[PDB]
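J.: Residue-level listing of the chains:
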Amino acid sequence: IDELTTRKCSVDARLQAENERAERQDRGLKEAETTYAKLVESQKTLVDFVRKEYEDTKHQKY
Amino acid sequence: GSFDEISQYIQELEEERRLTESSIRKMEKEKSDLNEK
Amino acid sequence: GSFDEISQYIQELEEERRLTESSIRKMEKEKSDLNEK
Numbered sequence: 044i045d046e047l048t049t050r051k052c053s054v055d056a057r058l059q060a061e062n063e064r065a066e067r068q069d070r071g072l073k074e075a076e077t078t079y080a081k082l083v084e085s086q087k088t089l090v091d092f093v094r095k096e097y098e099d100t101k102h103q104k105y
Numbered sequence: 007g008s009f010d011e012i013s014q015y016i017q018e019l020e021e022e023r024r025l026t027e028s029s030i031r032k033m034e035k036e037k038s039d040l041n042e043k
Numbered sequence: 007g008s009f010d011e012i013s014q015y016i017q018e019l020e021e022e023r024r025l026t027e028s029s030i031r032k033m034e035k036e037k038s039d040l041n042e043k
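Chains as they are written, first to last, in PDB author numbering: chain G, 44 to 105; chain H, 7 to 43; chain E, 7 to 43.
Take these hints with a grain of salt, some might be off.
Dumping the calculated DSS-like pairs for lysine-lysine here, alpha-carbon to alpha-carbon at most 27 Å [stated by the list, open to error]: (1) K51(G) <-> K35(H); (2) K43(E) <-> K104(G); (3) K32(H) <-> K51(G); (4) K43(H) <-> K32(H); (5) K95(G) <-> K32(H); (6) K43(H) <-> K87(G); (7) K104(G) <-> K35(E); (8) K32(E) <-> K95(G); (9) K43(E) <-> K32(E); (10) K104(G) <-> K81(G); (11) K101(G) <-> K32(E); (12) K101(G) <-> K87(G).
Far from chain E, by Cβ distances over 10 Å, these chain G residues were calculated [to be verified]: (13) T48; (14) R64; (15) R70; (16) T77; (17) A80.
Covered by chain G, per the in silico footprint, the following chain H stretches (three or more residues, Cβ under 8 Å) [said to hold, decoys possible]: (18) 10-24; (19) 35-41.
Hints are computed from structural coordinates only; laboratory data are not their basis. Every residue, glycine too, gets a C-beta built ideally from N, C-alpha and C.
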């Protein structure tokens, strides 16, 4: 039963570390996804802008 | 590549989260088994 | 992904730019031709 206490405390100290690391991954995964959405909207702006300049030179061509 | 690789970056970031979730629940039954005996 | 499209499209923007900018120069050359005429 005391060997269990050593084992239980070992996994408990690892489980609380697991809780800390998992949340940190959860914290960064959300921030990465929000910054991902920043990149997703990033091209959408210039994609609209690359093809508006793509069309604006058409009049300046002919 | 480009948005595909960052998608894979998030994808593998999610698999690491997924495997972490497996390890979290794994330890719950381990402590439950320890608390059982 | 997007960045590959971003990189290629901006080159197409630049490449069509270089045609438009060059076309103006030869158009300006035609203007000079009218000046002698």
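J.: Give a verdict on every hint.
T.: Evaluation of the provided hints:
1. The hinted pair formed by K51(G) and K35(H) meets the criterion: a straight-line CA distance of about 12 Å does not exceed 27 Å.
2. Between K43(E) and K104(G) the alpha-carbon distance is near 25 Å, which keeps this suggested pair within the 27 Å criterion.
3. Distance check on the hinted pair: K32(H) and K51(G) sit about 14 Å apart at the alpha-carbon level, within 27 Å; holds.
4. The suggested pairing of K43(H) with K32(H) holds, with an alpha-carbon distance near 17 Å, which does not exceed 27 Å.
5. With a CA separation close to 54 Å, the supplied pair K95(G) and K32(H) exceeds the 27 Å bound.
6. Using a Cα cut-off of 27 Å, the hinted pair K43(H) and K87(G) is violated, with the two alpha carbons roughly 59 Å apart.
7. Only pairs whose Cα atoms come within 27 Å are accepted, and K104(G) paired with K35(E) is accepted, the gap being roughly 16 Å.
8. About 25 Å separates the Cα atoms of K32(E) and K95(G), which keeps this hinted pair within 27 Å; it holds.
9. For the given pair, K43(E) sits about 16 Å from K32(E) by alpha-carbon distance, which is consistent with the 27 Å threshold.
10. As the CA atoms of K104(G) and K81(G) are separated by approximately 34 Å, the hinted pair breaks the 27 Å bound.
11. Pair hint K101(G) plus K32(E) holds up; C-alpha atoms about 17 Å apart against a cutoff of 27 Å.
12. Between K101(G) and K87(G) the alpha-carbon distance is near 21 Å, which keeps this suggested pair within the 27 Å criterion.
13. In this structure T48(G) is separated from chain E by more than 10 Å, as the shortest Cβ-Cβ distance comes to about 52 Å.
14. For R64(G), the requirement that its beta carbon stay farther than 10 Å from each beta carbon of chain E is met, with the minimum near 29 Å.
15. Taking the minimum C-beta to C-beta distance to chain E, about 25 Å, the non-interface status of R70(G) holds against the 10 Å cut.
16. No Cβ of chain E comes within 10 Å of the Cβ of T77(G); the nearest lies about 17 Å off, and the non-interface call holds.
17. Against the 10 Å criterion, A80(G) stays outside the reach of chain E, whose nearest CB is about 13 Å from its own CB.
18. Residues of the segment 10-24 of chain H with a Cβ under 8 Å from some Cβ of chain G number 7, which satisfies the need for three, so the listed coverage holds.
19. A count of 4 residues in the segment 35-41 of chain H with a Cβ less than 8 Å from any Cβ of chain G is obtained; the coverage claim is therefore met, three being the minimum.
In the structure shown, a violation is registered for the earlier hints numbered 5, 6 and 10, in ascending order.
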